[PDB]
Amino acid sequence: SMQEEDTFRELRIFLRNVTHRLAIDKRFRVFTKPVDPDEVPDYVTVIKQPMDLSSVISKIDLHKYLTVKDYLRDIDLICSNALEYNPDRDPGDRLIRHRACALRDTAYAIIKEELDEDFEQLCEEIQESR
């Protein structure tokens, strides 16, 4: 219905605002664009499901997220991809891991403070109806 379309539109406006707040934080610059194969040709061979915040915006705009849980799965991928590709004890890998954990924690903290649980439950029930 039109009222369900309006619910998904509100979801996309909420997700674009959360994503923009993460993307303008200087700690998370490395996560704003896909990894360039020039710099990192083994990336695409190790990480099978690359994800970054520009890809998340594109997904929102293609109507790929119908719940905040689905969006958070892609934020969790940005985090777990960085834990898997950069697992060493050296400071460059530790800094990327701590920035990726902090992205994930920040997205979950904004959602805890600003997502109404009844709005998420509504989205979940429309999704499940389809």
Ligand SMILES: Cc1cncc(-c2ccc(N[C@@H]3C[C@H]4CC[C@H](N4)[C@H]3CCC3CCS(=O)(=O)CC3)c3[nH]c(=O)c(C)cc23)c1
The other form holds:
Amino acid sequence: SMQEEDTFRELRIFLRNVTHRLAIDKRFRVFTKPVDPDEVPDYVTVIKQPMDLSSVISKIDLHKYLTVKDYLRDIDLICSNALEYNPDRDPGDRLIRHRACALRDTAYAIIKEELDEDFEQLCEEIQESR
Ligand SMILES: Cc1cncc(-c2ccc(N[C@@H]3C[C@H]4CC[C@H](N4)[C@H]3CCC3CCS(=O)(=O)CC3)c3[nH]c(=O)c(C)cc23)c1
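Switch from the form solved without the ligand, shown above, to the form deposited with the ligand bound and output its structure.
To see the whole picture, the full complex is given below, headed by that same chain.
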């Protein structure tokens, strides 16, 4: 309907704002763009699907997220990837794993405080009717 196009445009607005707020945080710089293959030449082999906050914006714009839940899958992907690709005790790995977890925790916390559950529920129901 028209009532439904609006619902997803509002979602896209919501998600772009949250994503922007993560992307401007200095701790998450490492997650903002796709990996530089010169810096980590084996990344593509170790990680099935790279994900990053730039890509998440592109996906929002491509109407790829119909629910916040689907969005959070990709935030969770950004984080799990980092935990997978940098597992070691060394401080460089610990630092990025911390930041990965902090990204994930921040996203969820913004969403907890700012997403209306009835809005998310409406998004899920319009989605389920397709
Ligand atoms: C500028 C840039 C562009 N593209 C990719 C990266 C990048 C580099 C290194 C790692 N992982 C390292 C694996 C081994 C070797 C050292 C250490 N363990 C680890 C470096 C950790 C470092 C990352 C940059 S920081 O400023 O956040 C401080 C901690 C990378 N690992 C990744 O998972 C990603 C997404 C990129 C990346 C950087």
